[PDB]
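2 protein chains.
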Amino acid sequence: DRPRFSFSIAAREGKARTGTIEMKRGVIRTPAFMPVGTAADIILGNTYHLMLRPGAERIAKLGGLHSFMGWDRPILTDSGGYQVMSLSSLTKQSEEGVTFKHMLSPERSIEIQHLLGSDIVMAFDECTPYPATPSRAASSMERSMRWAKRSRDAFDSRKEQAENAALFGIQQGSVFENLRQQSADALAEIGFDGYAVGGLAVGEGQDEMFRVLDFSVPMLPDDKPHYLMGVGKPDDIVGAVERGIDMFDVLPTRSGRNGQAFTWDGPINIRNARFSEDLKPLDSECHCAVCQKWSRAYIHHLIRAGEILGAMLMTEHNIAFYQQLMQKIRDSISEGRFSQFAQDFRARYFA
Amino acid sequence: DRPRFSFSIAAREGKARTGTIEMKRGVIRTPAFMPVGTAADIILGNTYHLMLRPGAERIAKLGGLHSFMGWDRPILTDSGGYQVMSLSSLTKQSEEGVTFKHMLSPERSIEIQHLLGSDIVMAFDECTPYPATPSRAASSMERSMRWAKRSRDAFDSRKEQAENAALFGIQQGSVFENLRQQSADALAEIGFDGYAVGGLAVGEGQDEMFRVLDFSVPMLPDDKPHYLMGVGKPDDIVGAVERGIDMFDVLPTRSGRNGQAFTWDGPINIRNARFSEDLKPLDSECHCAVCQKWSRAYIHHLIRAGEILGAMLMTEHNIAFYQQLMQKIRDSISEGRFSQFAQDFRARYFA
Ligand SMILES: CNc1nc2c(CCc3ccc(C(F)(F)F)cc3)c3[nH]c(N)nc(=O)c3cc2[nH]1
Ligand SMILES: CNc1nc2c(CCc3ccc(C(F)(F)F)cc3)c3[nH]c(N)nc(=O)c3cc2[nH]1
Ligand SMILES: [Zn+2]
Ligand SMILES: [Zn+2]
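From first to last, the protein sequence lines stand for chains A and A'. A prime marks a further copy of an entry chain.
Residues 10 to 48, 64 to 125, 133 to 280, 282 to 383 in the deposited numbering are what the first sequence spells out, letter by letter.
Residues 10 to 48, 64 to 125, 133 to 280, 282 to 383 in the deposited numbering are what the second sequence spells out, letter by letter.
Watch out, some of these pointers could steer you wrong.
Intra- or inter-copy, both count: the list cannot distinguish identical chains.
The calculated DSSO-like cross-link candidates involving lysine-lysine, where the alpha carbons are at most 27 Å apart (straight line), are [said to hold, decoys possible]:
1. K360 with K180
2. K325 with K85
3. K360 with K312
4. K85 with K312
5. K190 with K255
6. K312 with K325
No lab work stands behind these hints, which were simulated from the structure alone.
Could you put together the complete structure from these sequences and hints?
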């Protein structure tokens, strides 16, 4: 039987790594893309949504999220505070947690994720808004580190969870190297199964995000997986892998419902009239079932007609494109040609 | 190679028949349900929509509807006037045809259907509004019969169409037995490959529809297929088969996008809170892939969350339910137990 959690690195090129995470419910090939489940080796559950509808205790009554969704492989859940702060109408923050229109604390977040039955559990953190002053970023990061210890202790108190799931800590510190270092040190002292880079993809832009990754990822333990939260476009993924990221989480699903398809030649808006007579598939190389069978012209027609089928075909293609991207990344690292792949990818994607 | 068109009756029970239509692109088992293609042995194309977007000449440039949609089996198209009269903003009717905000005439309707490349072509008719006085129903039916002859002649003038497609005539006459008889006589004198009962499912209600079918279907040639246009709910289908109908055309697709699932125990609205914890599949006997894998509770969750996936699962189930219904109808007629099936179906569907 597979272990609770075991990360092995099979090959490296620069800071890029490729390998596997073994968990009880399956193996996760890295670098990994983790799509939303309601849209792969692992999918994301939506803690914030589920805790409100139908509620975590109701999901548990129905047998947990794996049974509920019909997915027997690993599931990752976020800790819910990012979404509370982004989407909730009124919020009140304190050392105990966040109250919103409900109190979400480290202990309650871990318990919710336990009731949902997810395999990779995120610590309950605060995603510092951007921009942040050094003082505010430090106070925020310090609270997140106290919450990371509380998250660790709550997870360890639940036997079923401690024995069968894994817990990731989340680095904060905004764009400041010294605070990122303090955060990494605090997380490593507590000890986690994996480490996420939090507080990015919050308006800073790709150049700044990459600059922060340049110094932040090496601060995390090398022998554990690195998860960049909230990222991202295909070019963000490639650049983050070049900087040592192993795991990524939404755009392909959102894009698919809004007319946007990803291709090796960049994104296209299939509703544009230039596709009305285009008999090529969405992407010329894509092996997905949509591209095996249907043209841009027909998908354009369906979306313009308001047919749900059009958006679903777009979404299927986008998810498959992302997984082909991840496979090409894994193969190129394993073959020692990832630097060349990244160069060729960018030249064509942006041409 | 299959013939252009050949209808064979394999078994009968009362007025009900089961058999096959052979056409060049495939065999159609009857009684047949014909779903919309943009949602089976045959699908429906949407003449009215296609003639406006992208236009019939553009569909032909793209290789015809079979290539466009990725469907190599038979396609049926309506003649477009029903939809023009239902949906168009302004219309002007004359002996030549209908002008609307375009002129659609028998000749142009046949040409459009030729450019689309459909296999079963409907004559261009007028669906008389309900209720209609005897005088208005007669004048309308008489115009439709003149248009049926023009449709026949236009179809026969196009070699590719005459040699590879089939043409159905459409009976009109509102609810009046004498006019239905005159219409059937006129259509049989012209000669068609199949015969549709038009002018029903326009607000008259099931009792009146069945009363009209009781006398109208026997007026059509017994040795040719009978297509009831616009029908309908599962109970309408069963009763129409009991009255000699062989072919049916939308509700399962519309219902699937509006929260309604068909089951052997009647329709259910999956958004209702009573399904939020219901672990049973949509239908307890359905063999479709949705019912093999997911619960009412999860489909409820997806639709309530606004996820496109929920509506698509509902639609897949509804289409599959309809096809299981048709298979049970065909099998029960072939086995001589259709009368019993209809009785058992109604008792449970309405319980
Ligand atoms: C978009 N930018 C971004 N997203 C971020 C997220 C949310 C991750 C998430 C949550 C739920 C889903 C769901 F679709 F499955 F619902 C998908 C992804 C973060 N989460 C935490 N905990 N700390 C962070 O510092 C952080 C930074 C993030 N930047
Ligand atoms: C709803 N009631 C109804 N629909 C009727 C229709 C439309 C059939 C049709 C057209 C297009 C589609 C599409 F979904 F594929 F687009 C699907 C079905 C009739 N059509 C003609 N020609 N004469 C009639 O006398 C008649 C009576 C009809 N009663
Ligand atoms: Zn594709
Ligand atoms: Zn089903």
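Checked hints:
1. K360 with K180: For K360 and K180, neither the intra-copy (37 Å) nor the inter-copy (62 Å) Cα distance is at most 27 Å.
2. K325 with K85: between (41 Å within a copy, 19 Å between copies)
3. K360 with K312: within (22 Å within a copy, 40 Å between copies)
4. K85 with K312: Between. Shortest inter-copy distance 14 Å satisfies the 27 Å Cα cut-off; intra-copy 48 Å does not.
5. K190 with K255: For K190 and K255, the Cα distance is within 27 Å only inside one copy (23 Å; across copies 71 Å).
6. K312 with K325: within (10 Å within a copy, 34 Å between copies)
Hint compliance for this structure: hint 1 alone is broken.
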